[PDB]
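Engineer: Here is what each chain is made of, one letter per residue.
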Amino acid sequence: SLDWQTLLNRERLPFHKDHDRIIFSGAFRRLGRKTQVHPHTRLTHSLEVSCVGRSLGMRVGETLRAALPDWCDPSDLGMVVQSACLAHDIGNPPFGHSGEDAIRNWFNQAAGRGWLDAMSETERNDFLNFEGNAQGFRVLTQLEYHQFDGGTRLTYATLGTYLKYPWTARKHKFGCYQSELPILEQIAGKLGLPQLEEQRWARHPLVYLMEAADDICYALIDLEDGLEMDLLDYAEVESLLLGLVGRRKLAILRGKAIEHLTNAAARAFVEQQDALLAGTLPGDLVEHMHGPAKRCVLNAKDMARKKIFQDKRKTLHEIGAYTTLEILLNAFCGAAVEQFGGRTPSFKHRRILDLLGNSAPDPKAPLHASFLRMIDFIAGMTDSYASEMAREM
Amino acid sequence: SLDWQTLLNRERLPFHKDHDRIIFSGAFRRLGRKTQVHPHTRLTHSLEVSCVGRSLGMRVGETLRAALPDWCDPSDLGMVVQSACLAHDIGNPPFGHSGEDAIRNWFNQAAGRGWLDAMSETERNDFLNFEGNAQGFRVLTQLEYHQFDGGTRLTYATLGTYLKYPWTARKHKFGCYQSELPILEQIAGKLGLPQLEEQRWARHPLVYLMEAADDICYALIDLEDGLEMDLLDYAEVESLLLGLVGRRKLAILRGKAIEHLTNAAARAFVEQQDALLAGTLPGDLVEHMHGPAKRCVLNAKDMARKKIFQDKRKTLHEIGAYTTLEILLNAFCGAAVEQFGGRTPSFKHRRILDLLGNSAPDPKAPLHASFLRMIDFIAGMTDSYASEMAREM
Amino acid sequence: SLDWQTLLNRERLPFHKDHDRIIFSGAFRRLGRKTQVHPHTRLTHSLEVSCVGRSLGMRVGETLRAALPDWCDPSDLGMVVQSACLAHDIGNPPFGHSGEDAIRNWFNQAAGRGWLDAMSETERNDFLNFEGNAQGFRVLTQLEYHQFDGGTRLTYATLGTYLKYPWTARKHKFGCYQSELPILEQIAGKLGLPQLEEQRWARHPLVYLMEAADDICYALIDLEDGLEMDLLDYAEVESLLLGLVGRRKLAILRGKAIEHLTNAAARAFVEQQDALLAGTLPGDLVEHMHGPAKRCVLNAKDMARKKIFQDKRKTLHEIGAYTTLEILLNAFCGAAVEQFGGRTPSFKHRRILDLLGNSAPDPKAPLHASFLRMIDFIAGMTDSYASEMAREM
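Protein chains in written order, with my numbering: chain A, 1 to 393; chain B, 1 to 393; chain C, 1 to 393.
Accuracy of the hints is not assured; some may be wrong.
In this list, chains with the same sequence are indistinguishable; a pair is considered to hold if it fits within one copy or across any two.
Calculated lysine-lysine pairs in the BS3-like style (CA-CA distance at most 25 Å, straight line) [to be verified]: (1) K307 <-> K249; (2) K306 <-> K348; (3) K301 <-> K348; (4) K307 <-> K348; (5) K364 <-> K312; (6) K364 <-> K256; (7) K312 <-> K164; (8) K173 <-> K364; (9) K17 <-> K348; (10) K364 <-> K190; (11) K256 <-> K348; (12) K314 <-> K173; (13) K364 <-> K294; (14) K307 <-> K364; (15) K348 <-> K314; (16) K164 <-> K314; (17) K312 <-> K301; (18) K301 <-> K164; (19) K17 <-> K249; (20) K348 <-> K249; (21) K312 <-> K171; (22) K249 <-> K171; (23) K256 <-> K17.
Honestly, the hints are just simulated from the structure, not real lab data.
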């Protein structure tokens, strides 16, 4: 039974400090050199989503002030959501979503070769379903700052708000590696989140605001740079926006479109605290948005896919990305396998292992533990650094 | 006589909206592709400074709550400072500070050739003393969103907090072009800022927090990447930090160093509201910081200069930057001069003028007006776009 | 029983001519375009070592003048050592020591695939233990000038002095391929060198001077460019040198350090002619150097490894080198295997075989003979030519 007083637990593994720790982290900074594969970086996207996220949190924070702990002003609710929004894409690897797919699929292959036999079937699932949410969770709680001792040591509320997939790999979506399970359990516990299935907990309500803030921004801003990429026509974009509201003339429309969409998202979160604060709500917040808002998002996205996502230049770049990644995976994971169980790696792999020196995985460590170390490294790379190293390799 | 109720005027040319308009602007986004010249971009620097800025504003906001308008919570004071911090470096051209110097000095040369004769001596001063603060002011109030009609249309308070040099070119520091004078006058008026000299007003008090937030971050973070650039030794850095407090072991120190420096900055702003809220205070906030804090900043900076700024690789890159800029200035300003007064530009310059098409300066416009248009264009370029165009030119 | 009159046999497979033939050879010239893998070429290293080598030979030549054939002035003894020093590294492949390791290890792999089955187990050992000394020996006696008929046709003394590993592959160190055995036997015979084990002879005494001249130069000069590479600190280097003696201030120290080390090496060779001229001496000359000299070498080397050899940029370049080599080996050795025993090579390999045209291995030749031809070719390549061809391949 979700309680607004437990769901906003300020204890850590206040909200303003969560924000700063994320902004100063090397993982966040690297987003400035990480982009989605195009035919506007992951960092500028994260910043925009955090504005809309904060705004969403503040609106609902005002609307439901009496239901929230007396210590929590709306500006505090906005901060928790803003922070989660900044951390949201911190785990994706070079080449973004495409790189995510490239890694997941590279694993289904390496597996069909036994590279993963030394692993149980469950641990193996962690890689076969590689999702950036799981990697981001590990980065936030294990890799940054206090390594393997709380990590970024954020508030339980920010973490709960970050976890859109609070469950194990057991659509390919999950946000917790077999190695973070104890952490997810403790967090869920502190937030008083029901454990529906065994290794699956219920979502923290605020995750819905973060998600909504994310699709609101992809929806509108993808159109904007889809325009500066000459892949979209002004009239169509202007029409889609005017559709809900009633190049700088567009930024002004964009501004109004964002207001309405934020209002619509906020006035859907408030309308559904019953099915929200208890049990589960049917899918995502956008579906429960009123007609013209719910459609502006759908249509905007559909447009991006057709004219941007489907472009063949993008396709060809995604192939290059895939190849750059496999070259990397083959090398590091190959080295992980070569030294597993105390085996003496052959020359060439020793040097690949030296590249990490202090970050290298211990030879006597189980395969899952060491592969995680390889993925930590690769997933943390900036796009250019990845291509660079694949090349000079 | 500065009044905390007028100094926080929420009318515009609320603070949360100032923040978002800055984050969504093309000018801000471009900072992600703008760096200082090295031997960590201007965007990540801006983000960090804004965290420290917000924090400073919130601390003093709490400390002086009763002196502030009853509508202004500390979180509102932090937001005004955070916003000004985000806009602070929005006007610098490609190659950052080096590009700033390259442009200013390119003008002292072009002037010694008469390219500026068609201009009065005052208007000419605008370029001879080119400062990014003046360009940023024009970008915030004239170029973005509502072009030449309020621009970003920010709050008077954010603008007052942005203006660290609220005066005309009449150290080479000023933040108002001859063309923005009416705007500065109106702003100063709305904030009730004394007009000491004729074309020189008094600083808004919060500017001091923004400045302090800026040197606090350059001071500590320049050391950090000075380290990942192998130009600095861990022991020296650790020693300097331990000097005030008593690679991840450093981020933790960095964290503590920031707290102390923020505390020190806040507990200096409060100590001096008399010489602050009335007349002028001796220089900048750091000088009025207690012993170990005031020295940690000084020593950290001194260290960066010697080992980073002085590096000869940087020097050589600064030469390349200079050349890239002159190639650009020669082209666009050359074209500005060729068509001045209705003169028919010779071929080649017509094409350079075509590059702006809609942004091109009107042939019958005074030279100062058209040169401003050329600088708007060049200064807004990302580093790579500048080099790119100089090349393909 | 070693005899100073037989050990300096001037007959050939006088010392001044050995010197010139080496300097004019294409193999030696190519050292100017061959470097060790860095994070100063093999040619400048060879030149420096030859100065110290000559000097060593002249000092001991004076000290033991009455024990040497009455025709041999010290300047003649220096020349034999200087010549051997110039030839010393003439056999290493592109990427130097790293390339040496890359080839040896590429073979242990290709072997674990049967590419070497057509070869006996002994002949196979020649490649599994690939050492530049063996390749250099083949180049000096088989490849240059009078191909397969004496080669460079040097003096027996220079050759004996060149051979630091006068034995078969039967640390991975040996300097004679199965194909050069008859030559080593004849040489050893002419110099009257004991045949301890069956396919292993005793070292010519002067080899010790060559070796000492080599580590003396790596020891000091690696520090010098370790300095111009900013991987070392002046104080530490200056301290290490001052340690035995008691940027131009360093070249002067370097000069003194070299004198002392040469003196120390010379006054260790003379002290041990008994265990030298008969049977074997415990290891290498440096170990038998007095305290401060013996330690200056050890410490200087240890320093280079830690701060230069261990640098991760070097590691990554070594990976690139490995890959460039395997691409080459796979191609040429692959072609060697395809046509073995008169098999018709498939297209693509025919073209690879055409690249050598006249140097191509005869299809009816045993595999060891043809693989040797492939290694001759690859090992003789300059670093850039190797990378070039791997690329355009």
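Engineer: Hint by hint, say whether it matches the structure.
Structural biologist: Hint check results:
1. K307 <-> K249: both (22 Å within a copy, 23 Å between copies)
2. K306 <-> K348: between (44 Å within a copy, 19 Å between copies)
3. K301 <-> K348: between (46 Å within a copy, 24 Å between copies)
4. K307 <-> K348: between (44 Å within a copy, 21 Å between copies)
5. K364 <-> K312: Between. Shortest inter-copy distance 24 Å satisfies the 25 Å Cα cut-off; intra-copy 45 Å does not.
6. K364 <-> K256: neither (58 Å within a copy, 37 Å between copies)
7. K312 <-> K164: neither (31 Å within a copy, 38 Å between copies)
8. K173 <-> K364: Cα proximity of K173 and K364: none, with 31 Å in one copy and 32 Å across.
9. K17 <-> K348: Neither: 44 Å inside a chain and 42 Å across chains, both beyond 25 Å.
10. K364 <-> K190: neither (34 Å within a copy, 55 Å between copies)
11. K256 <-> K348: neither (57 Å within a copy, 40 Å between copies)
12. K314 <-> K173: within (24 Å within a copy, 40 Å between copies)
13. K364 <-> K294: neither (53 Å within a copy, 39 Å between copies)
14. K307 <-> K364: neither (50 Å within a copy, 28 Å between copies)
15. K348 <-> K314: between (34 Å within a copy, 13 Å between copies)
16. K164 <-> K314: The answer is neither: 28 Å in one copy and 42 Å across copies each exceed 25 Å.
17. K312 <-> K301: within (18 Å within a copy, 29 Å between copies)
18. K301 <-> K164: within (20 Å within a copy, 42 Å between copies)
19. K17 <-> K249: between (37 Å within a copy, 18 Å between copies)
20. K348 <-> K249: neither (57 Å within a copy, 32 Å between copies)
21. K312 <-> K171: within (24 Å within a copy, 40 Å between copies)
22. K249 <-> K171: For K249 and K171, the Cα distance exceeds 25 Å both inside one copy (38 Å) and across copies (39 Å).
23. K256 <-> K17: between (31 Å within a copy, 12 Å between copies)
Hint compliance for this structure: hints 6, 7, 8, 9, 10, 11, 13, 14, 16, 20 and 22 are broken, all remaining hints hold.
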